[PDB]
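Given next are the chains, with one letter for each unit.
Number of protein chains: 10
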Amino acid sequence: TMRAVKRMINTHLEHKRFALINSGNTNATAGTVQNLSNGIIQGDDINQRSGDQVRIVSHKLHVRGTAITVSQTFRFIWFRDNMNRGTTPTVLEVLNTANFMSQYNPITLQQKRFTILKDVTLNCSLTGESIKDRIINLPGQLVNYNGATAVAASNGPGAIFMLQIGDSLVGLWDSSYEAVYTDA
Amino acid sequence: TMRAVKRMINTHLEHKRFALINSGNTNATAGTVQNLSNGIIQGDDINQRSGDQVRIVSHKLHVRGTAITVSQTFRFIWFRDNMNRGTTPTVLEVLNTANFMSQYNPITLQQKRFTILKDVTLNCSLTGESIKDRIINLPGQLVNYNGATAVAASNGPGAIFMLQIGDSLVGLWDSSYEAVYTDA
Amino acid sequence: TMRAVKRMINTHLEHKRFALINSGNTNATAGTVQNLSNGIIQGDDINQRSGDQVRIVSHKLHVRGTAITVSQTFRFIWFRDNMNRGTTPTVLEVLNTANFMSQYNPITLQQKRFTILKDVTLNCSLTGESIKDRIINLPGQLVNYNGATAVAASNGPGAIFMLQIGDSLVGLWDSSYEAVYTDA
Amino acid sequence: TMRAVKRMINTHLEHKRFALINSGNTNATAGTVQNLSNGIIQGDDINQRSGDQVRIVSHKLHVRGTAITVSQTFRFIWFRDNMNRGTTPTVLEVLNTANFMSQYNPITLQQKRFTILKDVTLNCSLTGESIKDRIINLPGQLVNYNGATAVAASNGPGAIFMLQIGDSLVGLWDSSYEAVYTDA
Amino acid sequence: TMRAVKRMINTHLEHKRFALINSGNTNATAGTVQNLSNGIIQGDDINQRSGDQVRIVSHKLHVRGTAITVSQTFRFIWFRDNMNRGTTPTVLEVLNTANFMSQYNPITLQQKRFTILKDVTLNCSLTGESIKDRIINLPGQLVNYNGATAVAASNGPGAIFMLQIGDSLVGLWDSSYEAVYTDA
Amino acid sequence: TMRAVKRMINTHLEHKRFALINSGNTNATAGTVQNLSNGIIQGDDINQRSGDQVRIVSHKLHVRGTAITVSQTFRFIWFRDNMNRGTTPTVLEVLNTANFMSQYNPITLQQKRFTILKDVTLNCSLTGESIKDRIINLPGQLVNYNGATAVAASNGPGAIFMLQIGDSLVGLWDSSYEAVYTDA
Amino acid sequence: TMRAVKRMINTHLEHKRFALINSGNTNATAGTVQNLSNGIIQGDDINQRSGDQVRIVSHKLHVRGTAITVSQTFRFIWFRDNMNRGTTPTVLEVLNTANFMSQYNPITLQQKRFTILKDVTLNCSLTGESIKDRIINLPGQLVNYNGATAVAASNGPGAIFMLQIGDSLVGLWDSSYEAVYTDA
Amino acid sequence: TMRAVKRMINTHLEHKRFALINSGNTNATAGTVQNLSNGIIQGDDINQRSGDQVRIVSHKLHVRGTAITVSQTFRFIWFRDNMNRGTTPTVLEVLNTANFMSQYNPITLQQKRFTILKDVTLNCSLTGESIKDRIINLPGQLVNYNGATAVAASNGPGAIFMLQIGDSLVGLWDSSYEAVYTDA
Amino acid sequence: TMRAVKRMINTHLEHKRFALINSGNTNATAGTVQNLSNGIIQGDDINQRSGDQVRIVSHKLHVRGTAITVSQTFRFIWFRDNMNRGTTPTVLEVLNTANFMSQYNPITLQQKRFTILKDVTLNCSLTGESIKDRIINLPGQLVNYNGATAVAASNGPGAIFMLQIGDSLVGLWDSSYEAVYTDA
Amino acid sequence: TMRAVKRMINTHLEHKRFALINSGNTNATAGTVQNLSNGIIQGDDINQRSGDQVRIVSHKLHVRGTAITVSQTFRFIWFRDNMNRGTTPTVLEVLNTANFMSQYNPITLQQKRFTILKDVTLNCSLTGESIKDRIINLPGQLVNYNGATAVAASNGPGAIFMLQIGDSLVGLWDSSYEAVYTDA
RNA sequence: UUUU
RNA sequence: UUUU
RNA sequence: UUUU
RNA sequence: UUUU
RNA sequence: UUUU
RNA sequence: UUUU
RNA sequence: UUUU
RNA sequence: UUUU
RNA sequence: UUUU
RNA sequence: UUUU
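Protein chains in written order, with the deposited numbering: chain A, 12 to 195; chain B, 12 to 195; chain C, 12 to 195; chain D, 12 to 195; chain E, 12 to 195; chain F, 12 to 195; chain G, 12 to 195; chain H, 12 to 195; chain I, 12 to 195; chain J, 12 to 195.
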């Protein structure tokens, strides 16, 4: 009667929820890495956690880019850091070179330091569609923490991040994120 | 091997417990609505909760009425507000009219805004049995909250209440309540 | 051929018996805890014991309340102290608050320090039935002792008690108890 | 499909962990009792707890003795107090007499007030092996608490302790303990 | 074809009948024991017997209490004396102490000297129900006699009695009894 | 696997033993009744008892008669008093008339007040065999007591006795008795 | 359903317990014999007995030796005297010669007068491990007594003893013993 | 025909081998972490590797401690860093506190940052065995690297290390290590 | 029904027993051979024999060594001489060379002149454990004799011996032996 | 009927035997390699061989170390040279470096030039056990020779050796060896 | 078959 | 069924 | 099914 | 039967 | 089939 | 087999 | 299989 | 059939 | 049936 | 199939 137990088990666990929004950021040619799961801190509220582990049932990422001054490209890489030891990964840890066209870092991907959840490229044209967006929903996994508060040192194995990189410094991008998780 | 899993699952979950007492209240001809599950606030103690959900395994209500000056009637309606959005329901939401003999509000019951758990009427006579009481134990259900503290705004879908209404303002009634719940 | 062995085994064991009576006690608003199984002391008579263990086959409690001066309530809680280390439990160990309407202590009940055998409330009215009584018979369990004589220090795991609490200090209550036990 | 459910259930529960160390204590001829599980207090961190119950999946005790001045014996008794009501057990509750060679208290063991997890005796010789140690790992059980903080009054049914007793007051002993537990 | 024979056998045996009434007796604090089956004496009439044995097919007891001067309690214990040697049992043979709240005599009940058929307690209140009654019908058993006439010396193994005891000497009680028996 | 359990149960129960001797008694024409099981009193020794019940596994009676002055007859009736209420039965309770040739009392035997274990008559001749004896061994049954010491009032249901009666007052008889019993 | 009955039978029997300690004894070249089960005397306490038989469920012996002045050997022979008639066995009854290296007495072992439970030899060196100890736990058997008190004359078939013998008179040895037994 | 393929596959792969020795190190009270697999660098020799991955078939660790000046303890923890990002782990990452008696770091073990292969404690006594050693052989797993040379930055997921910590700074310890691995 | 006959046969045969002790012997660098079974001579006692054959059911050897002046080694070789013709074997018959480190004589072992039962080496250190011992129990075989008395000429096929050899002449060794045999 | 043939075949082949002893050698920090099977030369005696092949059925090695001046370590590596071409292997052929803590030579072990039979390390302490020994017995294999006499040039594929290496030059070690072989 |  |  |  |  |  |  |  |  |  |  397997799989039916999975259903019953989850009906006894509270599905806590955490929402985040990050608007009006500039496109970055050298790229940046944004925290997504870090915001769930130790506490008793619906968007907090008990202990240093949570299990994401599902999470959703919404990304948006707006071209300014020149038509440009925005790339967003949603990823899981399977081996985080209390840091916010650098762009070069994920990409071979710090360029929006770069392929993944051969070494970190070989050893599975990261798992790419979604890699999205939005081309925003000032002579066409200057505003573009994408929403992605995916089932989640375990998230471990190394601390209680919303600081880099608290990120742990399973931490969720988003790398943004593009070919201009003038355009603006927005993002929002939601995680539904159990905390038993 | 179903139903056996239900047993095992619960053996791994702490059955927290919350107790409440509300003594020496006056009988109300227009009625009043008392909070029962609201008292379980966010915290780490045995009678508190993590997050905004708990699952009542069982709960018990004890009601008592004492006639004073004149023989009178005390009515106690134990109910669940399946759709609470952060309030303490009014008497008229539950009863068609604000009278101890009234039937339920046709509209709120049709839409199942409330689920009546037990409706008890105690007739206390100053020429007979002037003191009467009733204890009721029932299995519970999920309780959702809209906030962390013991205020009306924190009541949510599944909140438990008790409406008291009678035909005099002089008699005194007492009540106590216990909820055994899991908080995983 | 199980269950048939249970029958045969008991036919070879003497079913000793102990009787107790406790009349004319005042109702207590703060409550009191009375000893029931403590009276079976080490000795060779029919109502005594060899060693520090006996197995209650069945026991019976008779409680009675009589209103005096004012109509009042008498509550009697028959219980087993599963973890007694040589004491007579306090009222607050059993009840959340020292009030006749109180629910059980959340902590001691969660950990199963006590097992409630029967909780009886008698409302005695001087304008109605001023005298009320209740007799309850139940199968018993193992009783461990921590000493040889009838003192608090001899109570042990499985000791049987009765808590009495009410809303007046003037009424009078009576009780009697019988335990049928094996002592092999 | 039993036993497989046990596996799945635990994969959804955070296995919190608590570590403790107690170094440089003097050997005691009258003995002492040390707290082991008491240190897990109410809170939101990885080594804390929600409510008054936790379930130890596994725990480990490390004991060490060093002879000083004279060759001597160190005894360590790892035990569970199945009936703790908010205390640190005394040596005489566990041992018949307060001597390192004593057998267990007949009464408390008969009634199963305690469950002995491991009884270790280390003989440290100043003409041989003056330093000895032992590490023991065992599966755990439920632990109930009677309070929120790290004080004796918070110990409850299932509390874990270690009794140390020897034949000298001069030697030094060290100990450390780890508990892996679920807190759902 | 068993059980069918039981039916046929009884159709060939006369079911004799004996009726008795005992009205206007005072409540007794020290108690009294009344004869019920003793009245069936040797003779040829419908309510008499041949020899020293009869077999009660069924018998019925009706008890009634009326409070006088003060609200009071009436207790009636219907019992069979399995070992009567020509006497009317004393109150202390049946009850541990001569008090209406007393439990049964441990020794006589252990050895099964008596079999309790019904134990009834009626609380009569001068501020409520001052008159109460109870009728009980039960299948009977063999009754042996030690003599021919209606005197104590004629009671024998199986004799039926009723013990009455209360908390006042002023109230009045009434009783009546009927026995349907075969006399083959 | 029945009957095998009977064997195992008894291997766990101590088979206590009691021995008695009664020598040099005169033959009695009116008869006398001697106590046999009464001598087992409350205590902790091998020939004593805990409580008011024992179960005789087996018992043995040895009787002897010696004619003196004239050839004469000695009768010994070994019996169980199934309904003893604290007495030593009289000769007339057992025998129709107080004569060594008498048949049993019709009334007491009809109601099974007594169970005859063995009825022995020894004719001792001064011109032949002047000395005669008989030893009888039989399985036993439950023995109930009404007190702790070796007095008549302690005899209870199941008590064992021996009636002696003859046709002369001059001859001498001796007897001895042994009871093997469990006392669980 | 055998073996299951053994389990059930024992659940109805009190497992009494007796503890003993014997510290600071000198090593003996001619040997000595110590009593272990003799200390359980007739009485009503948890470490006493009813009658002259008990059944040891399990027993444990703890022996310890400490070299003094010279490195030396301590031998401890735990044994059961299957035929004790009220004595403390002599060393020569157990050993062929009174020497710590001796083999068992050929005659007493051939006839099974004794059953060796454990034979332990501890070599304590003043240039190495000067302190050594051994704890042994074993299931027990029936123990018969010849008297009520703790004197040699009370030892009987099944009595438990410990013989100590070594190669010096200066070293010191300690021992402790526990017996868990039924006494039905 | 599974498992047989595993055999055949390995017969086609060269089992390269790497040996290391680290002698004459001082005991460390704050502890140190030594590299074991780091020494396998990129190259074409038998003890080198192609690429950034190797699969250890088996590896062996030999540890040794020698007491100097004072009797002391040496602890060696052989472990795998499952998430290494180019570092030599610190003592505090593995142990809760920097003490030889400390339990593991609760956080890093919860998230499985490390896998303990073997935890060995050697007590070296200057009055007994001053020199002690232990050799351990275990099957291995995948080893990922982050660089080509023997520097900390080259350690990667699966890197093998050994933590040494003790209670003195004077004693000396030695170690050696061998890894047999495939490099296909 | 084989093997069951072996059991029955032996129950009809007396298991005679012989004990021996040999204390305070000096360690021998050239070695010595001691007689073990030779001591069983023709006679009628429990430790003697009828005829020239006995069958050892079981035998036990206890050896002990004590270092004196210098730390040294004691070797004890328990063996059976399968072909003895009336002698005490020489050391060179058993060992290739007369040295405590020597392997067995190639020729005598090839032809199975001897069967080695146990070869024990005890290293006794004056800076550690200066006293060591070993007890060995083994099933036996047939023993043939060539004479009636305890002299070398009486040893025959199957004779049991013990060779002792060491690296010093100063240490002292002790031994004892027991043989349980049938003599039908 | 396989495996049974192996038994029969060997019963027709002489099991020749060779014994060797090598006493009083100094511990070597650079190590040495000793010959074990080389001593079996061409000839007709029981410890010699016909031709250049023998098959070792079983062989045994006995090693011993004695600390002198300083506590020290002795390592003994019993091995088979599967590819010997007429030499006594060097220490560096077997060990990576000439140190007693060294792991095996990666190259020679990879190619299976040697097969390690047993690797033993003995730590001899002048403050504890200064003398230690180990005896190892193992089944053997084919042994090929390259010559007729006991010189290095005669060693061939399968030759047996023992490498000794330690951390001092002062201690003394002894060894002995036996080989049982067929020579058909 | 089960039950005080 | 097997075992001292 | 068996076990303290 | 399976699924959020 | 069972039951007063 | 099912149940707090 | 049954029995003190 | 399984295993370094 | 298997084993030195 | 079972297991941390």
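Keep in mind that the hints are not guaranteed to be accurate.
[As the list claims (entries may be wrong)] In the DSSO-like style, the derived pairs of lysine-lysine whose C-alpha atoms are separated by at most 27 Å in a straight line are:
1) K17(C) <-> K129(B)
2) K123(I) <-> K123(G)
3) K123(J) <-> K123(I)
4) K123(J) <-> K71(J)
5) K71(E) <-> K143(C)
6) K71(D) <-> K129(C)
[Said to hold, decoys possible] Just the calculated beta-carbon pair ranges, DEER-fashion:
7) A30(A) <-> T132(B): 34 to 40 Å
8) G158(I) <-> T80(J): 26 to 32 Å
9) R28(E) <-> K17(G): 52 to 58 Å
10) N21(H) <-> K123(I): 41 to 47 Å
11) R96(G) <-> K129(F): 52 to 58 Å
12) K17(F) <-> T12(B): 53 to 59 Å
13) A30(A) <-> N93(B): 41 to 47 Å
14) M19(H) <-> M13(G): 49 to 55 Å
It is worth saying that the hints were derived from the structure and are not from the lab. Backbone N, C-alpha and C fix where the C-beta goes; we use that ideal spot for every residue, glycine too.
Evaluation of the provided hints:
no.: 1; hint: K17(C) <-> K129(B); result: 43 Å, violated
no.: 2; hint: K123(I) <-> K123(G); result: 37 Å, violated
no.: 3; hint: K123(J) <-> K123(I); result: 37 Å, violated
no.: 4; hint: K123(J) <-> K71(J); result: 22 Å, holds
no.: 5; hint: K71(E) <-> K143(C); result: 26 Å, holds
no.: 6; hint: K71(D) <-> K129(C); result: 42 Å, violated
no.: 7; hint: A30(A) <-> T132(B): 34 to 40 Å; result: 47 Å, violated
no.: 8; hint: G158(I) <-> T80(J): 26 to 32 Å; result: 54 Å, violated
no.: 9; hint: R28(E) <-> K17(G): 52 to 58 Å; result: 55 Å, holds
no.: 10; hint: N21(H) <-> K123(I): 41 to 47 Å; result: 45 Å, holds
no.: 11; hint: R96(G) <-> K129(F): 52 to 58 Å; result: 35 Å, violated
no.: 12; hint: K17(F) <-> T12(B): 53 to 59 Å; result: 39 Å, violated
no.: 13; hint: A30(A) <-> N93(B): 41 to 47 Å; result: 25 Å, violated
no.: 14; hint: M19(H) <-> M13(G): 49 to 55 Å; result: 53 Å, holds
Comparing the model with each numbered hint stated earlier shows that hints 1, 2, 3, 6, 7, 8, 11, 12, 13 do not hold.
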